[PDB]
Amino acid sequence: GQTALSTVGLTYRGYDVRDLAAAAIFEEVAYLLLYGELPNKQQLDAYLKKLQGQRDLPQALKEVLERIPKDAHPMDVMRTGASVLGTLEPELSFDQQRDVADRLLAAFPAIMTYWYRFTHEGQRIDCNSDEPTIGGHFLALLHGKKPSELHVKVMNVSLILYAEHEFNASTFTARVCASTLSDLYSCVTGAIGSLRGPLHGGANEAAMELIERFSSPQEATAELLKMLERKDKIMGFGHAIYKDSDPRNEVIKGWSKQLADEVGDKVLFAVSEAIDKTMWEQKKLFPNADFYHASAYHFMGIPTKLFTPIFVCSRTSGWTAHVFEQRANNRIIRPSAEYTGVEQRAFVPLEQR
Amino acid sequence: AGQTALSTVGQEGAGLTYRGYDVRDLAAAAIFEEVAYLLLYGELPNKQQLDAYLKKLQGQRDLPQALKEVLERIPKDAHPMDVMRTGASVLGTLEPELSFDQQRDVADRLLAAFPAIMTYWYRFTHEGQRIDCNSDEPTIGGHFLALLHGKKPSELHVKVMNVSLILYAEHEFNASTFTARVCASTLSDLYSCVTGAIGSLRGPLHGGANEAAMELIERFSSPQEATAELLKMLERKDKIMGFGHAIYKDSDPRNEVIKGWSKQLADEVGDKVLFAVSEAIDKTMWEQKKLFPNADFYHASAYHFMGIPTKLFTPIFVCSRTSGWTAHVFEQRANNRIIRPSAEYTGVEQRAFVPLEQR
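First to last, the sequence lines map onto chains B and A. Here the first sequence stands for residues 18 to 25, 31 to 375, numbered as in the entry's author numbering. Here the second sequence stands for residues 17 to 375, numbered as in the entry's author numbering.
A hint or two may mislead.
To be verified - Straight line, CA to CA, 20 Å or less: simulated SDA-like cross-link-like pairs of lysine to any residue:
#1 B:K327 / A:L110
#2 B:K84 / A:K92
#3 A:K92 / B:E85
#4 B:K175 / A:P371
#5 B:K327 / B:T141
#6 A:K92 / B:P112
#7 B:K63 / A:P371
#8 B:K63 / A:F369
To be verified - Selected chain A positions facing chain B (in silico; Cβ < 7 Å):
#9 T24
#10 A94
#11 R101
#12 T102
#13 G215
#14 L221
#15 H222
#16 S358
#17 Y361
#18 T362
Please keep in mind that the hints were generated in silico from the structure rather than gathered at the bench. Every residue gets a Cβ at the ideal spot worked out from N, C-alpha and C, and that includes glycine.
Next comes chain B alone, as it looks inside the complex:
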């Protein structure tokens, strides 16, 4: 397998994810990955109007989401949505592949929030908003009110930071499916299922369950030192590839702080900083992208169980772009198994078992 999409701090087709998150809206980054370049003002203006037109859900899909139980795993909602949308607006040929990628990016916010608000608040919601960005549109659908400019900014920053990350289990699942020449909806449905597993997804959710235990930074440091001596895994720390830092941590940390200031938080961000300082002093371990993402989402009023669903809204851009590469250059390992079972044996009839 070859890729021109990203490499390890972290670049997207040569561009530092830090520069992108500072100076770009998510749509500029989705365009870069799916279409090959940062878009000029004409292309960006056309792109934005195309996506603003792809936000509403078909009536049949609304009626399906209404039958998924309130207590369902939200990732099964995202899986089921992608699967049903594939039967209503099919990818008849690979010529439609960029149009379908765009449709998923524009619709996923409505699939999540139409289900959530129907089952939790008993409202059937309008799936269009007045926000021109996906990041704003999401917050408009989730809370049914105009978001603050700060909260629209932090949503755009998060979608950019998580958009693409080389190869991992979900991106690999998308490529294996792609390699049989299956449709784009299959490759996304499979990638969502792999992300559902707790060894791959749920990290920012687990970071949130850790920081929410502690009523002060004193109590947090005191309890962390006990966990570290007990050799407990600490969620949000360490990486398989980076060694000095995760470029994405740099960025989200500073936005989480501005949100703490905005909402007059006294506990949650202070607790996060105490854990971050302690991990460096005791283990020289830097925090990864998931750690400060949890406080930031919480400060914008997002239910913990929607964190990994928001990652799907972002990483759909990387996944689809990987499928386009696999279709154009269909190279991948073909797996064999080591047989460890029994030797060949005679058939035994029912009466002798």
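For chain B, the structure is supplied; the task is to place chain A on it using the hints.
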């Protein structure tokens, strides 16, 4: 890429074994439920075990109201594999796998319910009828034919459906089994692994070969016409679907079995074209290219003689291969080792951000 005890393909002696038993002995002497039990539970079941397994599967054939109402909203011209994908995704929200302790109960539910998910959608959209998802047939093979045709199937038709489901049940590592194990390696739920596997099997480099064989053999009104047209397709270097294999050297053990049963079905229904056309293409492929037919080739005629629409062929393979897929997921859960090779970077070197104005 992993380790398995479920099956060996292309090795000396029996060409295909399931936990050491020859697939040709299983297809001759067993019902599918005996082979599903062997894969999921580890041994061939004894009489008391089989009796209780059949009773358990018999009570897991009906679909929840909410699932029926979802399938009513999938369009008539949808890909039937997208219907199987959607059905598994919805059933996982309604009857969740809360613990890996439930894993064999969820695999059993999928084997028992898949036939109703396929036929409830198909007959609602194609006939405007809401069907009963229960039947009086004791086996999955018979149950599928009772739901599809809405009447009692013949003994011969029930036996061939049982043979087909055994022949297609397991095949070591391949794209769909590998997809299920990658999903299993993240400790995702069993419904995720199956939904992922169906997606990979939808791709035409993996699924659909016995649908392609049907579209070839249905073109000819005489065996002599089939022979003359095949000689021209070979001149054009067209790929003939259902012939040769990437692993088997001399023959596919599943071919000799389904060919015999397709012949018996041809005699029963009074066919004098479709089996003769199939044999002519087989004989011509041997003489011209020494390529043997694989499992896909005689499956096309066998399914057609039992009145099955071509676009339901790969969905029947899903009903069968769910046994192999789920047994593979349990192995991955018990022994979580896999390789997922990283990619090589071939993209551009690092470059400065260009603000919007200068693009």
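Checked hints:
1. As the CA atoms of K327 of chain B and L110 of chain A are separated by approximately 18 Å, the hinted pair is consistent with the 20 Å bound.
2. Our distance criterion of 20 Å between C-alpha atoms is met by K84 of chain B and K92 of chain A, whose separation comes to about 18 Å.
3. A distance of roughly 17 Å separates the Cα atoms of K92 of chain A and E85 of chain B; the hinted pair therefore holds under the 20 Å criterion.
4. With a C-alpha separation of about 17 Å, the suggested pairing of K175 of chain B with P371 of chain A holds against the 20 Å cut-off.
5. Distance hint between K327 of chain B and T141 of chain B is fulfilled; the C-alpha atoms sit about 14 Å from each other, no more than 20 Å.
6. Simply put, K92 of chain A and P112 of chain B have alpha-carbon atoms about 13 Å apart, close enough for the 20 Å limit, and the pair holds.
7. Restraint check: the Cα-Cα separation between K63 of chain B and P371 of chain A comes to about 10 Å, which is no more than 20 Å; the hinted pair holds.
8. For the hint linking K63 of chain B to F369 of chain A, the alpha-carbon distance of about 15 Å falls within 20 Å, and the restraint holds.
9. Restraint check, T24 of chain A versus chain B: the minimum CB separation of about 5 Å is within 7 Å; hint holds.
10. Among the interface hints, the one on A94 of chain A holds; its C-beta lies about 4 Å from the nearest C-beta in chain B, closer than the 7 Å criterion.
11. Contact between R101 of chain A and chain B, as hinted, is supported at the beta carbon level, the nearest pair being about 5 Å apart and thus within 7 Å.
12. Because the closest C-beta pair between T102 of chain A and chain B is about 5 Å apart, less than 7 Å, the hint holds.
13. Using the Cβ-Cβ criterion of 7 Å, the hint placing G215 of chain A at the interface with chain B is satisfied: the shortest such distance is roughly 3 Å.
14. Satisfaction of the interface hint for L221 of chain A is found here, the shortest Cβ-Cβ separation to chain B being roughly 5 Å, below the 7 Å cut-off.
15. With a least beta-carbon distance of about 4 Å to chain B, the hint placing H222 of chain A at the interface is held under the 7 Å criterion.
16. The beta carbon of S358 of chain A is positioned within 7 Å of a beta carbon in chain B (closest approach about 5 Å), and the interface hint is therefore held.
17. Because the beta carbon of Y361 of chain A sits about 4 Å from the nearest beta carbon in chain B, less than 7 Å, this interface hint is met.
18. For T362 of chain A, the shortest C-beta to C-beta distance to chain B is roughly 4 Å, which falls under 7 Å, so the interface hint holds.
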